[PDB]
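Visitor: Can you make the complete structure from the sequences, with help from the hints?
Below are the chains, spelled out letter by letter.
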Amino acid sequence: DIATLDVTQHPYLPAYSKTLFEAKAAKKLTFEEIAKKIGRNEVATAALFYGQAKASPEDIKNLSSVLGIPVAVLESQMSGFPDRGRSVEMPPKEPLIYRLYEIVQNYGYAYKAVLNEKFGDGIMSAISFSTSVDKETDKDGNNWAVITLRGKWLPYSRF
Amino acid sequence: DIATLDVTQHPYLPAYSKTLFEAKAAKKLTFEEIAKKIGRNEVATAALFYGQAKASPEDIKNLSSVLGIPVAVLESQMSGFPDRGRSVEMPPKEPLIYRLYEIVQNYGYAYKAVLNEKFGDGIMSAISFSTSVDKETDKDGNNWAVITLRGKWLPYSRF
Amino acid sequence: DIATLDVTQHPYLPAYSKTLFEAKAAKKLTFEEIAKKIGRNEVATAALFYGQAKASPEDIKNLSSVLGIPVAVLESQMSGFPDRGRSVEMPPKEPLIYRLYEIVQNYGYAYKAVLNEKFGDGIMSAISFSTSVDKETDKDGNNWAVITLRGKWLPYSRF
Amino acid sequence: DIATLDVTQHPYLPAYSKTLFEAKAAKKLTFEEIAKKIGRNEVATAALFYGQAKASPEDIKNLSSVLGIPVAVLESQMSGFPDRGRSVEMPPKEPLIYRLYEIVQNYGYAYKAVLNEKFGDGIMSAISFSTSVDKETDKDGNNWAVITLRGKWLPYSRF
Amino acid sequence: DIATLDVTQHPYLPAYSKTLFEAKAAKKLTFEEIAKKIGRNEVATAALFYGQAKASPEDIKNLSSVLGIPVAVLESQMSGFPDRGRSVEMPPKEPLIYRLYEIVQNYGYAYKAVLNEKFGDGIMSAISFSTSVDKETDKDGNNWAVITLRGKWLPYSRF
Amino acid sequence: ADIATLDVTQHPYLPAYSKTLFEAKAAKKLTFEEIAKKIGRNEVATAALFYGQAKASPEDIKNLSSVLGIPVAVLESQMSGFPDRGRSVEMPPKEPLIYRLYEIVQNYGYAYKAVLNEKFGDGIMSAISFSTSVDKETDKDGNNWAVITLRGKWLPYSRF
Amino acid sequence: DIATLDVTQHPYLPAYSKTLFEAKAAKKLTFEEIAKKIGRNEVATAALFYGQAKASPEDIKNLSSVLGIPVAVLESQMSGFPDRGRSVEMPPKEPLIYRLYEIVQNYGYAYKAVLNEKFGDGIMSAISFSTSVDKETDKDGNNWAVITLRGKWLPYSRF
Amino acid sequence: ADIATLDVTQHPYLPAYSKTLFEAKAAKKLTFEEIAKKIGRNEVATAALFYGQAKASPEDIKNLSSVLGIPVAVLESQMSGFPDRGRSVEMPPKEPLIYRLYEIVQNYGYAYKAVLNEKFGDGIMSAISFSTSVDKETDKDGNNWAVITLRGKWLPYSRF
Amino acid sequence: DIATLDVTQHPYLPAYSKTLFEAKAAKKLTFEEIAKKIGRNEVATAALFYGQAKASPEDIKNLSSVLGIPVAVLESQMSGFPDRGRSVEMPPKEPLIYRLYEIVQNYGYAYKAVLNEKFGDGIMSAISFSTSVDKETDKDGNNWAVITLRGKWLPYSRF
Amino acid sequence: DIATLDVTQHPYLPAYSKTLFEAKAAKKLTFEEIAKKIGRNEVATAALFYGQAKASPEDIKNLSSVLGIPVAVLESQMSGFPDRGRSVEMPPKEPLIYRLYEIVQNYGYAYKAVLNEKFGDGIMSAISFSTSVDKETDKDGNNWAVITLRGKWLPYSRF
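Chains as they are written, first to last, in the authors' numbering: chain E, 3 to 161; chain F, 3 to 161; chain G, 3 to 161; chain H, 3 to 161; chain A, 3 to 161; chain D, 2 to 161; chain B, 3 to 161; chain C, 2 to 161; chain J, 3 to 161; chain I, 3 to 161.
Treat the hints as calculated values from the structure; they're not laboratory data. One or more hints might be untrue.
Simulated crosslink set (EDC-like; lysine to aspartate or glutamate; CA at most 20 angstroms straight-line) [stated by the list, open to error]:
no., chain 1, residue 1, chain 2, residue 2
1, B, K120, C, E138
2, C, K56, I, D3
3, C, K29, B, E119
4, H, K20, G, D140
Guide: Rendered as structure tokens:
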């Protein structure tokens, strides 16, 4: 049971999102398999499919191969640079993504306070950054999602 | 350099937020020490101070002792249940917090797709949930903040 | 008189909402009947028609046969995972749905207080959850609608 | 462990909300107890404390005696007619109340379709209406909250 | 000079609004004439054309006859239940409609206060309701529009 | 017995005189019917004035002082100047009764426009050169209905 | 350099806007020449092109003649009544238009106070109204744009 | 005799000096016409200043002190610095008179742009290098009309 | 690696935006080369491509020639006056642009104070205005982007 | 003529903004002077007064001295970390600040294009960043405001 895309309900994504997701659906591939094939993490590979990351030339050749899309089709639809941020309309209505938003809402200042006392005045980068999703089962049989955010600490300049 | 609160700029927190923070600032206490005193994680303790968590009866006694605030004051001001979600006006303006929001915006559907392929149709709980902040220094000497989200997977029911 | 869908006035539903509802109108089926044939409740069945639930493999088969739609059409249209939340533009403008919104608005803190006193600090899940609609005619011949919401109580973690 | 109010974080409730809850907190009363004394349902009683219902003359004498508030103070503050709808800032930020909102959002059209097929063109009233909260414990020791909405069906007129 | 519709500028109406309005234009009919033929009031009839009312089986027949649209086209386009509320983007931009909104704004609490003193705690229904438009010409020769709203008084239940 | 009141803790951004007028209304247990009869303005208009949405004439000020027991100099100062209408209802209206009127506008707006366009041409019904009232109707069955009448001057668009 | 319209960038204008503007572009006509031909001011004439005015039967004939569009085609597209207010998305993003909005913002209460002192309690009509644009060139040869607003004074009724 | 006044209970986020000026304006029964003539600015401009929407020159401060009877030292400390324009009107305007001006921008905006574009080219009419006035005409049928004139400097977009 | 446009994700640009970018993409041209060819600044050139500047008759000729587009296509698509301001939905969601908005957010009043103290009461024009982007490489080999805003000082008039 | 603050019109600044600005007005200090005393630029120094920067310990001693405020008052009011982003309500209403917002709107995608072609996929940092304001005079005697943004280029990571 694999993630698919229906652009009837999901506007403003790049044309290649449809192209990639349609080939993904035809071949019944998971993002884990595609990720492995392109040498990028699962989340980043899915982010790429939603228009939220940039395909290197190697990614383009690797996707063409595993998805069965001719390279020239990807080179022309996946050219230039990502125009990030249109995939999620805020505030999020999708329940799973809403919970992530809720976490920011209820822990924002808590995270800021802790980060500030650990690092000082600055931010955790969302650019010089990686993230991953893991699945875990505990001893009682409960399942847990573990999302890790790892971003570079950037102090505010002094000028 | 410790985290503090000025309610002139930060409205709609509980009255206890000012009472707790004023006392944190006057004792020059870090959230690390307060968290260790109360047996709760740093983020959670910070969250409590911003009105975003509930103090147990033991938390009240322990906060009273380390902050030098009489127990009867905390009991009255920290009674009832938290009314979460007013501390961050959306979209966030504060840069640090904004970066976390941007993460949800740019990765939301990537996260969903990966989580759906690993767990099926459902959510990661923001309720049955924990989070932590850690610091990593890499071999190159640069600092990284690592924020971990860990929430129970809930499938949608069939009914 | 049965419920139908006109996508001219109702955007951002999946393509399959159109496919399903046109077959429903063509056969003159009610949701009560469709529901008995898939093994899901009336409300859930209608939520699935509006893109707000996921069809199991058996749902797709049983829908295929009650609606007269080729199994392969529903398998490509109803693949992957729902992207819930787009079917109602908030605040709701349709009067009936608006009343449910108004109830949230006028009772939401009341519910919270009562739930908090009965269960503690937590939520009633909307994921591990079910709902029904029933009709009652009272002693005096007046009709009432009865919506039941049944959600799992989730306490906040201590961490 | 009872519900309390801190108007610092919860603006635009009537003055009597503060008077009622301060007495409630001082006497350590539950809404269950207060409701029993005034002969009203628990939810309706809590609604009344948030300025979302009107107290009859008997409700005022009874609230006055159970809460130990001089009856003439309540008479001056609880006069007139409620000005409902200000207690919940939309969309709701408090997580418990948000889930009720998300329900409306994900089930709105579903409820409308089922209700239309059972009653015709009209609404479930939110005025000629009652509601309740019950606790169920299923055979596996898991708690569920059950919220019942019961509103009069009103058909649209023909004119 | 009769009312027309151009969907180029008015989105989110049902497909049927175009069909009715095109036939209305083809036969140069006024809403007065159509209303008389279907036995409904002018305002109701116009609302119907904008997707804001339900056509009874008799209305569908009479509409077909007076507009020259085959009864089968109308039955298929006008099936199901109205999804009211999308015709006017709020706040209204069309000046005539804006003035109605300015009245609600400037008189809303006035109407409530006077309604409340006359009827008690409740609402005037917009469901169990009728409305008309009349033209008065005074003795100085000035024309006045008179809009009447007639709604059933509904008191809040005691529960 | 049961009269309209104002609690400014829940209702911000009204003129200071709204509080003053409404507190004297409450003390004296007056209805808007009675106050209207004293000042010579209709019930709805009177209530509107109290919510900051109308301008008291010099006679209004004297008559409100009299009927309300407020010294004239106090109304004179508090009710000087010109109303700044539009702040009493935060849009969209949250109060159910008021929301119902907004719902009417929402669901009948274009129907009204179409009917008024066919009877009067291109223009508007004025909300300025305008009156309104509330009546009660009890039908044969004993059911109670509220009847709100909107009476506004027809203004055609100019031609230039 | 004449004004033209590109509907790719400017949605929700009536279909006739395109029709008129395409002819305007084809014949290289200014709004001055068209205005002169129809016997209306330039601003009015442009307003009409943007769907914000109603053409009389003579306007239709004159437009037809000057633009080379058959009378019947224009009549079929320009009948009924204007549905004003959709051409400018608020707040305006186009800089020229934004400056007029800023004028309203920074002079609104000023204008109201001066109008109130001159005329009393009321409004300047935007309906019984006309407007023009003129060009002045001063001593140093700078151009100034003069916009004149002339609207009927309407006092609030006493009722 | 019926003069504009201000009640800050209902009108937030104006500078402290708005209340100072308007309270003195009310105490002396001054019109903006009279204040404006005393300070040598336009009536509109003078009202805009009272709403915190303009800057008083040092001469303005002296002349306001004198005509309003407020000590010069008070006005200097309150009226110091630079205006922070644009807080006086919550958008969209709910005040009806102000709303009509907003509806004019809405309904005429692209018309004004087209006509301006054809007369002047690619550019704006400034709202900074700008003046405005209010005048009253009375037509042959005794109807009154408000005439608002906006006069702004044309600025072409640069070529770079 | 050049900037391209995909209108699937970027609505409400003029028709010519697509025409110009498609040609830029097919010839693999940078904005620096196009800018050099038409004698305009790089930033100004890219702004023209997104519909935010006016092409002179020479620009239309030079663009047509360097891009390999029929001059008559550009003459007609690039007619009229720009309707600036639709290319960025506010608040910006694209991270790079968002940083510019955050700068305005965090330094706006600081800029205002410093500009006021150096020039008096007025604005920096965004109309008599130029801007540029430059790359700086420091001693440690870190790259910096330097954006210069150069606008005419316009004092407020005295009237 | 120096910049001052009136908190009556400017809410949500830290308490220290009032304290610093009032001292500034009492001493008739310009930001240029205060900046030179603390060893930061004018813009940074003004940002500090509006709550948008953090004072170092030397800044506090220097501010105290040039402004005449007891070091101890500044130490308690200026403790902790800035909570940036509240000083400007978006979109900006103040005309000067609005023009900067209008530049972001009209040049946002242009900057992004040119930045992308010069640096690749990334952002200009607003954290690792400085900015200045300069006054310039041209050949003709015209005054120009020059705002420089200098931010660190951050590429998106590959993960």
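Visitor: Look at each hint and say if it fits the structure.
Guide: These are the hints, each one checked on the structure:
{"no.": "1", "hint": "B:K120 x C:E138", "verdict": "11 angstroms, holds"}
{"no.": "2", "hint": "C:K56 x I:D3", "verdict": "11 angstroms, holds"}
{"no.": "3", "hint": "C:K29 x B:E119", "verdict": "15 angstroms, holds"}
{"no.": "4", "hint": "H:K20 x G:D140", "verdict": "38 angstroms, violated"}
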